[PDB]
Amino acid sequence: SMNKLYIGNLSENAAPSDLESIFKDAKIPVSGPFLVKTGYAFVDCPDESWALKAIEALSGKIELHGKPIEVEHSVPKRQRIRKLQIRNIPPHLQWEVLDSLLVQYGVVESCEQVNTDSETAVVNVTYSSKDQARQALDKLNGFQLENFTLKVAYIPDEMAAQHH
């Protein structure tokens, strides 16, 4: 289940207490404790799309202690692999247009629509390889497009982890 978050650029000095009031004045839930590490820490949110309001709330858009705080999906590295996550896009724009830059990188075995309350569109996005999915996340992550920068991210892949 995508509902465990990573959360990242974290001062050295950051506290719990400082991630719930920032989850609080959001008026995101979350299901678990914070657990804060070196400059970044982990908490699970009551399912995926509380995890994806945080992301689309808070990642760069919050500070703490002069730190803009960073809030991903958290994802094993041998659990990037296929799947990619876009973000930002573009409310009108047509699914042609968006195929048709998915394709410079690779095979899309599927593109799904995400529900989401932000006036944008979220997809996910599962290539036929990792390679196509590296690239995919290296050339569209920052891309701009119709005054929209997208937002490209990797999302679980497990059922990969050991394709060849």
The other form holds:
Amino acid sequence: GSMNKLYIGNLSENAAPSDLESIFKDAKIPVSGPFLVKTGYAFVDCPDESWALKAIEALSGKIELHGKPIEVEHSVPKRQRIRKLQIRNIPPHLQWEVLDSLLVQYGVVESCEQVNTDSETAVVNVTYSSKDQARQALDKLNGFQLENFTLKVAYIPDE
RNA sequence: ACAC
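One more: the block was the form solved without the RNA; return the form solved in complex with the RNA.
Starting with the chain above, the whole complex follows.
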């Protein structure tokens, strides 16, 4: 899947592209095209998946527009929201078994691969065996506090 | 709330 495309959500009715330009400028995140602002959400592409990930980590839930914290996520069309998830803000020196002991509560883990990342926290992509499993895992693990880190879970494109 |  195309992992450099971002979805930006939780925007106020009169969010303008200039607002998003400013936010990305100050976070030192390059974009490769213009911001496309709809109603309450928007889209923009980054030059590559590394910048797109840095944007999610730096911005999402963290920077405000008109007092509303923006959401920044991988852009994933509904038909590609199936089995695959990305988990971020994992405590740095956590070991597989502890993470795994969480993951298997929601189904069978076909694949799990760690993502290279600037931050001290870890990031992994996970493939479950069905759409239903992945949805439950997202619903119960997003926001889960683990060794004082808040896990963040979201869809990445599935084929 | 993921693009007439």
